[PDB]
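Just one chain follows, in the form deposited in one PDB entry, and it is written as C-alpha cells.
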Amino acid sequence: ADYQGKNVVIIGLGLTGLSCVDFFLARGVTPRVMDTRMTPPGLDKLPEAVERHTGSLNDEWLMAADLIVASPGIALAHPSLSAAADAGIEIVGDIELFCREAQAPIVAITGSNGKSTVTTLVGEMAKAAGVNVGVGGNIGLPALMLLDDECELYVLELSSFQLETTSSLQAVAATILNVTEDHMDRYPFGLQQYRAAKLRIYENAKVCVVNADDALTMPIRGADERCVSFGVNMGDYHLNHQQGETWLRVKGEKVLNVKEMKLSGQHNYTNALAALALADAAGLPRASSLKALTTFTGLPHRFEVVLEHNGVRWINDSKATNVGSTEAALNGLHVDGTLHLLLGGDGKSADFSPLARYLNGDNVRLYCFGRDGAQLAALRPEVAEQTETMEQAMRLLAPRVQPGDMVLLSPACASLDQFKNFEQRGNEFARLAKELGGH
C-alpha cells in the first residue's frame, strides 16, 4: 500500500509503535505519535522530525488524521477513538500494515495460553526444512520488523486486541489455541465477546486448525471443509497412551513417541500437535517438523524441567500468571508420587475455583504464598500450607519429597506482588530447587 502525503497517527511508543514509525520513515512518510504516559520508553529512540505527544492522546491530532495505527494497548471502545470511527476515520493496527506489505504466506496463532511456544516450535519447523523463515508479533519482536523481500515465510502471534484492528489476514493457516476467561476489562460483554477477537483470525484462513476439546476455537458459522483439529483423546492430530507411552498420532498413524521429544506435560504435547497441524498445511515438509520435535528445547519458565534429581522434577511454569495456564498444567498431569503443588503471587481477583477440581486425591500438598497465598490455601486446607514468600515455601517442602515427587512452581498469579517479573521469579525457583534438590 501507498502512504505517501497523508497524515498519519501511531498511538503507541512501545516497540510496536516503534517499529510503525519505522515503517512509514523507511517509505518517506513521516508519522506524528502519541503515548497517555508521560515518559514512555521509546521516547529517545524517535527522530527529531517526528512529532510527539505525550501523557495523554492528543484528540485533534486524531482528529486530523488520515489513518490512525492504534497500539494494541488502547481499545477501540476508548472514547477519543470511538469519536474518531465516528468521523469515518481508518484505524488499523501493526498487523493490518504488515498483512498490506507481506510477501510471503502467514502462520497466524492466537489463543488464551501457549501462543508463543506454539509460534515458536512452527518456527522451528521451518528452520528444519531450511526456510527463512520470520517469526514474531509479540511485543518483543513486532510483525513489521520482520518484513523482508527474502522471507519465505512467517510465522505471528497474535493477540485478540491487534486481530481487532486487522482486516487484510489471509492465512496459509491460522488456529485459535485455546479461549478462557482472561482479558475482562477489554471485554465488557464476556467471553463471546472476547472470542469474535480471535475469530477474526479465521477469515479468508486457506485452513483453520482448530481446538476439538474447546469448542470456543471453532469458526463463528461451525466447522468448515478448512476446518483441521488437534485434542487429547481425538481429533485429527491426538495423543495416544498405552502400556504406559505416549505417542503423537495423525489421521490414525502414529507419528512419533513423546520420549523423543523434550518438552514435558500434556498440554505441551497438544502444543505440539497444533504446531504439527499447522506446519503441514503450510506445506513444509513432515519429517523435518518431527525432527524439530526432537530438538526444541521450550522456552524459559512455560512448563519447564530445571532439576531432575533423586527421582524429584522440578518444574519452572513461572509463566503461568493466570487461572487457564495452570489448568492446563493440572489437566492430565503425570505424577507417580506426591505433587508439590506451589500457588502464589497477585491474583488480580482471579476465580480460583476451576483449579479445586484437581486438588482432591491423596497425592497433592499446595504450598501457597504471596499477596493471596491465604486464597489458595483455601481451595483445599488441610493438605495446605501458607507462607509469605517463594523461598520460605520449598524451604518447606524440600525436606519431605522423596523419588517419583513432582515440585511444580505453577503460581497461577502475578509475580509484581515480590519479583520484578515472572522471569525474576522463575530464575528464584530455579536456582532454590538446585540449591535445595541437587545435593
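Positions refer to the first chain, counted from 1. Compared with the form deposited in another entry:
- For the rearrangement between these two forms, modelled as two rigid parts, a shared rigid part is recorded for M261 and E48.
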The other form holds:
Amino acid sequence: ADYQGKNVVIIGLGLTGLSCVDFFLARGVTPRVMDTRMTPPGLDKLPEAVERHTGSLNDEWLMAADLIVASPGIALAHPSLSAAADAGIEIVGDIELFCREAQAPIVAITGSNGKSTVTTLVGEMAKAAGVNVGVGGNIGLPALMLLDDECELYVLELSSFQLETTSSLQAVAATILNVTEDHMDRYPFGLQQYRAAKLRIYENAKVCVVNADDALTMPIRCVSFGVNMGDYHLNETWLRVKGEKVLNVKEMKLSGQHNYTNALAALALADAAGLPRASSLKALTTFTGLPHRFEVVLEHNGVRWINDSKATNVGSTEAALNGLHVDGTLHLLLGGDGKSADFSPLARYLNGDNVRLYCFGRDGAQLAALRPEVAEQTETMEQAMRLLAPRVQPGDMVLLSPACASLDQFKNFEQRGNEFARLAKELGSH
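Given the form deposited in one PDB entry above, what does the protein look like in the form deposited in another entry?
Shown next is a single chain and nothing more.
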C-alpha cells in the first residue's frame, strides 16, 4: 500500500493515534487528527504541523477524507463514521495498516479472557528459541511501533474492536480463547455481534486454534485445546498433545486450570508457527505472570492481598473465583464501569459465611445488589479498602477483581492496580 497524495484522517490520539501519525509522516504524508475528547493524551507530542480537531468529530474533515484510520475506541456505528462508509470512504484501523506492511508471520490472539497471557507466553516461546520477536497490539506497544525489517515473528493481541476494522490479516496461527459477555455498550446486537467481530481473526488464517470447551470460539479443520478434550488437553496435571505427555505443570510458575488451558493455547499457536517445542516448553517453566493478573502484591500477617485489576469483565472475575481457596474470609472488591454487563453469573460464588463484598464506581449499587446482606457500597476503591482493612483477619484474602472497566475513575486498569497495591501495603502492615 502507498498513501502518497491521500487526505488521511485519524480518529483518536494517545500512543496509538501517535503511532499512526508517525506512520504517515515517515511515509511523506501529513494526516489530520480528531478526538471526541477535549485534551486527549499525546496532544502534546503532536508535531505542530499536523492540524487537530478536538472535543468532537469533524464531519467536514471526515467527508473530505480518502482514508479514515479509526481508533478501536470509536464505534464504526457512530453516525459520523456510518455517513462516511455510506459515502464509500475507506475506514481502517492501525492493525490493518500494520498487516499491509508486515514482512514476517503474525500470530493473532483474541478472547474475553487470557489474551494478554497467551500473547506474552507465545512471545516468550519465540524468545527462548532465539527468534527476533515483536510482541504488542492491544497489549504493550501499539502494533505499528513493532514494524521492523529484522523482525522474524509478530505476536499480536487483538481486541474485538481492532478486528472490526481489520481486513488484511492472514495469520499463520490465530485463536479466539473464549467469548463471554463484554463490551455490550459497543455491541447493540448482543453477544453474537461481539462474537462476530472476534470470528474475523480466522479469515485467511493458516491454522485456527479453537477452545473445544467453548463453542462460540468456533468458526464455520481447526486445531483445538480443552480440559478433557481437544488436540491439546489436560490429563498432578500434565499438558498433553494428542495423547502424549509434554509437561508436568509443577514445572510452571503459573497455576490454576485456566492458566493451564492458556498454556495449551500458546503451545498450539507456537507449534503452528513452527517454533521448536523444547524452547516453547521451556518458556512455560520460566513465565511468572503479568502485573494486575491475579498478582499477589502483599502476603503479610496471615493475609494475602491480590491485585487482579486486569479482571475487567464478568468472565474474568469468574476465573478468579472458580475453585478459589480461602482459609478465612474473602474480602472481594468489585466496581467501576460494567459496560452494561449482566453481573448475576457471579452470584454463584458469593454464598456462605466467609465472603464480604466491597462495591464502588459507576456500577457499585448494581454489584452490591448481588448479595446486599454481605455487601458494602462506596464511591471509590480507596474508601472501600479503608473500610475493609480494619475487618481483615489472619487467614483472610483481600481480592481486587472488579468485573468492570476502570475508565469511570482511573486512567486504565494498571493505575487501578497500582493504587490497590499502594493501599494494601499501607493498610496491610502495622
